[PDB]
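Please build the complex by placing chains D, C, K, O, U, V and I with the ligands on the supplied structure of chain B, with the hints as guidance.
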Amino acid sequence: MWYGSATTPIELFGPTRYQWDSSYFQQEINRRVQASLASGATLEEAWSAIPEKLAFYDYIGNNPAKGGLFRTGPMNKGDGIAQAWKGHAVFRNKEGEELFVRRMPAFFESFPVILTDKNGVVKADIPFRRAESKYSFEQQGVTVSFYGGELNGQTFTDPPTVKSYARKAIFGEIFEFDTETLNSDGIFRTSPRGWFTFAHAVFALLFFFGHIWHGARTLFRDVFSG
Amino acid sequence: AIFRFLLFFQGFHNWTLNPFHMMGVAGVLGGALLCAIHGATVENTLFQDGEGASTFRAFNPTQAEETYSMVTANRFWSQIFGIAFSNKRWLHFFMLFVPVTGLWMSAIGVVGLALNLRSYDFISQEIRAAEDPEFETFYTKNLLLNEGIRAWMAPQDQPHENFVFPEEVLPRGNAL
Amino acid sequence: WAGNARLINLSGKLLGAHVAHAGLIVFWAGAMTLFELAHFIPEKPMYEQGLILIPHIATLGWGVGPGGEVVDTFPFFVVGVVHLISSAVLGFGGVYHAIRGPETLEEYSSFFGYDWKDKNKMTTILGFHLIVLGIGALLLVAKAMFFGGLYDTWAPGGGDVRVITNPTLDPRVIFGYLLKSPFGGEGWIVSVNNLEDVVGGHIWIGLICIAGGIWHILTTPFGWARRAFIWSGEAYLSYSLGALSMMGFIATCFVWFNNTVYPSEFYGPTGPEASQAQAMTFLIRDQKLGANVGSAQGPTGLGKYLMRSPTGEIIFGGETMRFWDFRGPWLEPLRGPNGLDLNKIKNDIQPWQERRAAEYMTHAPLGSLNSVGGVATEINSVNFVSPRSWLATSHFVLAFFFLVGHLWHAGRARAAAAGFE
Amino acid sequence: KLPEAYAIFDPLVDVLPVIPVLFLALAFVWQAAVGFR
Amino acid sequence: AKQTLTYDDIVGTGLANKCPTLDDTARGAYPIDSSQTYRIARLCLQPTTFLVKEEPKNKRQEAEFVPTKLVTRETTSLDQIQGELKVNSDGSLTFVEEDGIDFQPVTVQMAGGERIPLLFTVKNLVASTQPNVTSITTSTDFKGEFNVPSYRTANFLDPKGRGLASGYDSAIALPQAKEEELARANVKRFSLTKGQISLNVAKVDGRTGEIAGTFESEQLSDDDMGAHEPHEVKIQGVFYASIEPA
Amino acid sequence: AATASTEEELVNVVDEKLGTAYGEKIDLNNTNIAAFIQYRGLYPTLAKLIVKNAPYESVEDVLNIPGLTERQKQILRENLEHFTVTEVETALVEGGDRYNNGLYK
Amino acid sequence: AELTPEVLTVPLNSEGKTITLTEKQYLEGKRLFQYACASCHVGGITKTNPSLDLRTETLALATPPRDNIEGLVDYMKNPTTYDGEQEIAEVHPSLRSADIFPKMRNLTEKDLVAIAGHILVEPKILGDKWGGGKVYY
Amino acid sequence: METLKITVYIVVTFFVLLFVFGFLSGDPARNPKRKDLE
Ligand code: CLA
Ligand code: CLA
Ligand code: CLA
Ligand code: CLA
Ligand code: CLA
Ligand code: CLA
Ligand code: CLA
Ligand code: CLA
Ligand SMILES: CC1=C(/C=C/C(C)=C/C=C/C(C)=C/C=C/C=C(C)/C=C/C=C(C)/C=C/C2=C(C)CCCC2(C)C)C(C)(C)CCC1
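The listed protein sequences correspond, in order, to chains B, D, C, K, O, U, V and I. Under the authors' numbering, the first residue of the first sequence carries the number 256, and numbering increases by one thereafter. Under the authors' numbering, the first residue of the second sequence carries the number 177, and numbering increases by one thereafter. Under the authors' numbering, the first residue of the third sequence carries the number 36, and numbering increases by one thereafter. Under the authors' numbering, the first residue of the fourth sequence carries the number 1, and numbering increases by one thereafter. Under the authors' numbering, the first residue of the fifth sequence carries the number 1, and numbering increases by one thereafter. Under the authors' numbering, the first residue of the sixth sequence carries the number 30, and numbering increases by one thereafter. Under the authors' numbering, the first residue of the seventh sequence carries the number 1, and numbering increases by one thereafter. Under the authors' numbering, the first residue of the eighth sequence carries the number 1, and numbering increases by one thereafter.
Since the hints were made in silico from the structure, they are not lab data. Any given hint could turn out to be false.
[Claimed, not checked] Sample of chain D residues facing chain U (criterion: CB under 10 Å; computed from the structure): (1) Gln334; (2) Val340; (3) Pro342; (4) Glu343; (5) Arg348; (6) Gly349.
[As the list claims (entries may be wrong)] Quick list of the computed label-pair ranges, beta carbon to beta carbon: (7) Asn106/V <-> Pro245/O: 48 to 58 Å; (8) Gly220/C <-> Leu51/O: 33 to 43 Å; (9) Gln3/O <-> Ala29/I: 53 to 63 Å; (10) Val16/I <-> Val208/C: 18 to 28 Å; (11) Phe436/C <-> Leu26/K: 15 to 25 Å; (12) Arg30/I <-> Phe436/C: 21 to 31 Å; (13) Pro65/V <-> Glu86/U: 34 to 44 Å; (14) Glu86/U <-> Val376/B: 50 to 60 Å.
[Unchecked claim] Covered stretches of chain C, as calculated for chain O (at least 3 residues, CB under 8 Å): (15) 103 to 117; (16) 330 to 340; (17) 345 to 351.
Using N, Cα and C, we set each Cβ at its ideal position, and we do this for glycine too.
So here's chain B without its partners, still in its complex pose:
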């Protein structure tokens, strides 16, 4: 279940933690753009091309993330009901350099919004101690421009707005959810894979005692009686 086999397909149980740590999706997605882009299309055009389900598989909320106790735990009381786009948020600077945002590791429950350069350089961040801040978003002026699936092919400037996305960027692709239908709390939940695993592994671990109890109790009849 957890790793995935021919019998553990995708649209049946969802994605794997191994595809998130592997940027397995980001990869295919990229190749669909350098390929089409080089064929005479505009960035706007290329993204608007890559099928969306593909981009969905990329949102982190689809990787068995968190959830020891979250009763109904359907994914939807987490994100909400997803209805969105394969939007790529391009974060450029004041000189036009394309900034790259660092993603959140399925290990952390919370991550620090940070923007890197294409070489690994640090450009923008969201300061905690604003006093001696140097890499603010306002001091360096960032900008978000969406060349993505239909839902959002435009551009943004305000620092309050721009920022929001940075965090929602950290989750990979960006989506919009019909939160209100289930009164989602906005906290992540886990897929049937995690659930099927956590159950079946514990049970199995639990049957180890069962194997050893009944075994010895079988071969020591007289000992049992004492």
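Chains D, C, K, O, U, V and I with the ligands in isolation, oriented as in the chain B frame:
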């Protein structure tokens, strides 16, 4: 390298809040509580004059009855603690149940974290924790320490992702 | 191997042992005093090295000038030697009395030294040792009033050795210290501010010891005393045992919160000293940056530097608000009616005060086994551990175990009287 | 170091103060030679 | 002058908080020597009671002032100032301070248990007296204004750590949540406000001790940079004041 | 269920929004003294005074502070170029603007 | 990867001449630093005045300049406020204030030089850390 | 509340005299199960 393990767990999993580790924590401390009362009760209820010299280094096979009283222990406890199931066979078995029963939980608790499935949150509280800033409980104060553990300890502790965290960015209480 | 318990009744051998371990206690007194004046370097904070007795010796103002390490080296060598030889003078004694032959059958001897279960003789032996403390105590008095003074850390300037005059001998004052709340800053014995109290507080003991030593000498215990206490040999240990425990605690806590007795100049700064020292250090720092100390508003709304105490005075704010009870020679001159005078503060603050703040604040009693100085997180390039933390730490430990001892030996005296033996 | 003329003995003085502990040690050897009783 | 009441004496029952007294001599006498020269001042400030006027049945209210119980004990009082006294072109007296003391008392309102912490301000004060210098105690007057900041400072970090100058910018525990309603709390706001205070002298004396009278001020409660709107307040008490320049 | 007049006003952090006139130069009316240390001999005494005579309407007005020395002026000129001015910000100022700011250590 | 000459080839004066220290010295630098400094200057950061460090860059901006040895030596004898307008001898260790900072009484010219060397070689080794305590903070 | 403080101390010392006088007690003293020495 093990202590670091501990801490790691506290920051990303808040393992202490897990109930399973709690029960585990129950048996281990219960194992030691038994080990004391049993061992002390015995030693101290030992039969009088069994040794003229009055030290206690003897026994034998025929010493069927053994060196101490259940009847007195019973009353001792009954009148001091209030309870005392007096039936040697139960006392010892119960001494198997507590420690062992515990570690099985604890182990269960870990099969859970293996899947980043944790007991790291109280929706109820978090919610009212965000809609209101004049409300705080130990539940909260702790969740703060964690992030501190995570921010400062993950870039040196996990070399492969190569975390670069600018001074400002780090969470930090005033003056420290 | 209860070997030491086989000796119980043959008092002829205990003398051999009690006087053998009594020889170690003195041996250590020399081995350590000499080990110290050995490693000891002049003009470096006594406490930044790791000393303990010398500080005691300078406490008695045996060899020092106004809070000046030591002008005269020697005074310590005397102590180092004396005690190291008293260790042989007694090693001989303990050994002999242990190996050459038991006691109790010497007729003229049994007249001078009797045995157990004999209330009148035990009592008598007791009083004896009481006449000795009555003296040693009074000797301390001598060394302050008609002899080479004692070290007063208080008023004025540097408080070098000073001789006392007419100690506080008021009948009331002395026991008042006994009748006061042992809480918040006020610990009965620890509250001792004025060094003169301390002298007079010793005069009364001796008179009380002696007046008592003789008392039991001549008198055997009454009925109530006989029906409350047991009289086994093991039981007298239980009495004496638990007595020492309390005191371990006593002194420990006594150690952490200094009374002039433990001049922080040798021993170091008090746990609170450091904090309060850190507040003051920074008023100045910013005061020099033209910061107005009265209108300061810390993120809490309590003013960074100044706030109040429940009884309404002024005190350095910050967690160091819990140590406003703290009093020393440096922080006091700014003290006045209603608390700290905001006008002496920014106007009348001498420089030598910043020094002490900085030094203490700098040598915070905080340390680890690796002798790492400061916060649990510092780098190993600074070695230090306030003597106080050493005395407080080790000594606490003994006062505890020792109590475990009050329980073990006193519970075994209940087994002698009729229980298990 | 302030012993002046005795300078010569830092050594013995340095390993000196430990002996009180080593006293405990013989005690057990004393026992070993006496079969423990 | 000198009869020393040591800090040793005072630490006992809390006298600091109670301003010094002026008992018998009622000589409002103090000269026009002002017209002749200048004067400075050192003032003690203490209260007797606090008042929170909170009530929300709108359109049907005249005066709703409830008394109050002190949770923060023997704190209030403490106000040790320095201030200069000037004469204006019309014969009135004006006050201007230097140190600016302030305090943080909390009060529990009977009705809801609803605790209310006010920052007791006197900072940036400005004072006034009516007509002339020919009289003082007879006709006592002194009135001016305050400047009232916020109980909390930019550095203050709340339960989930998020304020002005430090602290997160969001509700971390709930990543994919609606930012609208939470906005209120995820952003801190700093308030600076209206101050109003008045004075009445009931005892002036000698040549050294100069004033003492009835206190009475009105400020605003703490709002927590973005929470419930402040409940209004009214404070009353006593005070002490000395003066002398030459 | 809200509007932009309310939301926008609130959706504003006083400190965040200053991140534009700030970060490129030292602000002369508010920044803690320790911001002066990054320039040649400007700290100790001038810092003390520039802070105490605030606020200023034009970066150049520093020169008018009283009791100044000849050289003092000379140095301000060379650095004048690193300063800037902006309206006083209630926050940063009513809380010891000089030392409140985390003593980094 | 060993300690090299270049590493110890430190600036001696304002103009442009340099001296290359030795192994023996370097070590005495630490030993001395720890002796009358570390306590207040642990890892090269002021405990009493956190906004002022001992990093190389910040020393050059002092008055008079201090990115070199002669400057430090001067400072250790007689102190200078970051701008050079106050005499802080009654506050900071100084051979001129031995009478108050007894730890100083013993010191010698050779030792100042070495102490100074320790402070200038360190940063080439530790880097950011010696500054505001990175590993340390 | 001063009325309260007083009430307490009475109560407290009350049960102290019962501890103290319970031990010094000429009557019960130190009476065990195996041997009574009176
Ligand atoms: C193989 C086992 C299994 C698995 C993997 C699932 C999995 C799932 N169920 Mg199903 N379920 C099962 C059996 C199972 N169920 C059974 C037998 C029934 C009864 C017919 C149901 C009834 C059911 C309902 C009614 C619903 C689900 C839902 C769900 C989804 C819930 C997500 C979640 O958050 O769960 C949360 C998991 C937990 C809270 C488990 C916590 C662990 C236990 C309680 C601890 C017990 C403590 C310990 C043992 C006692 C002390 C021991 C002592 C010795 C000391 C998930 C896909 C929901 C759904 O379909 O989503 C839309 C939903 O509404 N399930
Ligand atoms: C006032 C001092 C005092 C005295 C005179 C006695 C005397 C006696 N005790 Mg008691 N005891 C005391 C205090 C005292 N005790 C305290 C404070 C405790 C609580 C811990 C105890 C607990 C105690 C117990 C539990 C027992 C006794 C017993 C006895 C009898 C023991 C004979 C024997 O076999 O010794 C043998 C002693 C030893 C082998 C000593 C072990 C000491 C430890 C391990 C050394 C630690 C040192 C460490 C290595 C140093 C590190 C270096 C440092 C620099 C860091 C003897 C009558 C025994 C008995 O039956 O009583 C009748 C017994 O069982 N005692
Ligand atoms: C606190 C220290 C201490 C002391 C003072 C004693 C003392 C004693 N023990 Mg105990 N013992 C101790 C700790 C101690 N023990 C511990 C920790 C244990 C557990 C290991 C025991 C276990 C034990 C047992 C099992 C027995 C004793 C016995 C005895 C008694 C032996 C008498 C004798 O003549 O031996 C013979 C003497 C010697 C072999 C000589 C030793 C010589 C010393 C080292 C010389 C030092 C040099 C000297 C100072 C030079 C002076 C020169 C001059 C010019 C100054 C004696 C009273 C015995 C007994 O039955 O007593 C009733 C016994 O059987 N003990
Ligand atoms: C007559 C009363 C008497 C007196 C005064 C003492 C006094 C003392 N006892 Mg002793 N004891 C007594 C009776 C007495 N005991 C009896 C009847 C017994 C039962 C046998 C004991 C059993 C006993 C034990 C078991 C122990 C002691 C110990 C001690 C010493 C404890 C430390 C102290 O307080 O130092 C304060 C110091 C002084 C008062 C200084 C005295 C020295 C001065 C300078 C006099 C020198 C005089 C010299 C004889 C001159 C002659 C010179 C020659 C050339 C002519 C102390 C010296 C303990 C010890 O450590 O042994 C030494 C110990 O373990 N005693
Ligand atoms: C804790 C403190 C302390 C205490 C309370 C004692 C207490 C005592 N000591 Mg000790 N002592 C101590 C510390 C202490 N000492 C120390 C530290 C040392 C080492 C410096 C000594 C060294 C010491 C010695 C060397 C002696 C004592 C003796 C005595 C006892 C003297 C009583 C008396 O009246 O003698 C007055 C003396 C006499 C009445 C002597 C009579 C002489 C005998 C009977 C002669 C036998 C010879 C005969 C001709 C043989 C015929 C045989 C045939 C085959 C030919 C007394 C019990 C003495 C003792 O035990 O002997 C009785 C003794 O000689 N002590
Ligand atoms: C009566 C109690 C008593 C008290 C409270 C003190 C207190 C003090 N002494 Mg003094 N001392 C005393 C008796 C006392 N002494 C006696 C009898 C002597 C002669 C042996 C001395 C000799 C002496 C010297 C030589 C020196 C001191 C010094 C000091 C100060 C030391 C700091 C310290 O660590 O204290 C430790 C404090 C304690 C352990 C307190 C114990 C508290 C009480 C008494 C215990 C009550 C329980 C006890 C079991 C009661 C039995 C009664 C029975 C009816 C049941 C301190 C103020 C030093 C100083 O610098 O002062 C000028 C110093 O150099 N003292
Ligand atoms: C060395 C310590 C010491 C010891 C062990 C004893 C032991 C004893 N005394 Mg003695 N006593 C001593 C010193 C000592 N005394 C002194 C110095 C004096 C002079 C004042 C007296 C005066 C004295 C008298 C007048 C009487 C006794 C009696 C008794 C017996 C009382 C039974 C009992 O404890 O009842 C139970 C005990 C209590 C209710 C008291 C508990 C007290 C606490 C633990 C101590 C408080 C100490 C104090 C506050 C500290 C001083 C602090 C300092 C800073 C000033 C007992 C054998 C009686 C006796 O033997 O009758 C013939 C008796 O009538 N004693
Ligand atoms: C050097 C002097 C000194 C000494 C000896 C002590 C000693 C003690 N301190 Mg104090 N302290 C001191 C200085 C000192 N302090 C200073 C300077 C400060 C300033 C900050 C403090 C602040 C302080 C605090 C804040 C506290 C203590 C506490 C304690 C006690 C802890 C042990 C215990 O649990 O007893 C339990 C009790 C006993 C063993 C009783 C002994 C009395 C007789 C023998 C028995 C009476 C029996 C009866 C059942 C009980 C009646 C008690 C009564 C209060 C109702 C101990 C008695 C703690 C405490 O419990 O307060 C009292 C505590 O919380 N201290
Ligand atoms: C274990 C035991 C025991 C015990 C023991 C004891 C108790 C011992 C002791 C001992 C002792 C108690 C000892 C002492 C010693 C001492 C010595 C040995 C000393 C020496 C010295 C010297 C040598 C000197 C010094 C010096 C000087 C003075 C000067 C300068 C220089 C010099 C350094 C040289 C007994 C027997 C019981 C039994 C068995 C076991």
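Among all the numbered hints in the text so far, which are the ones the structure does not match?
1, 2, 3, 14, 15
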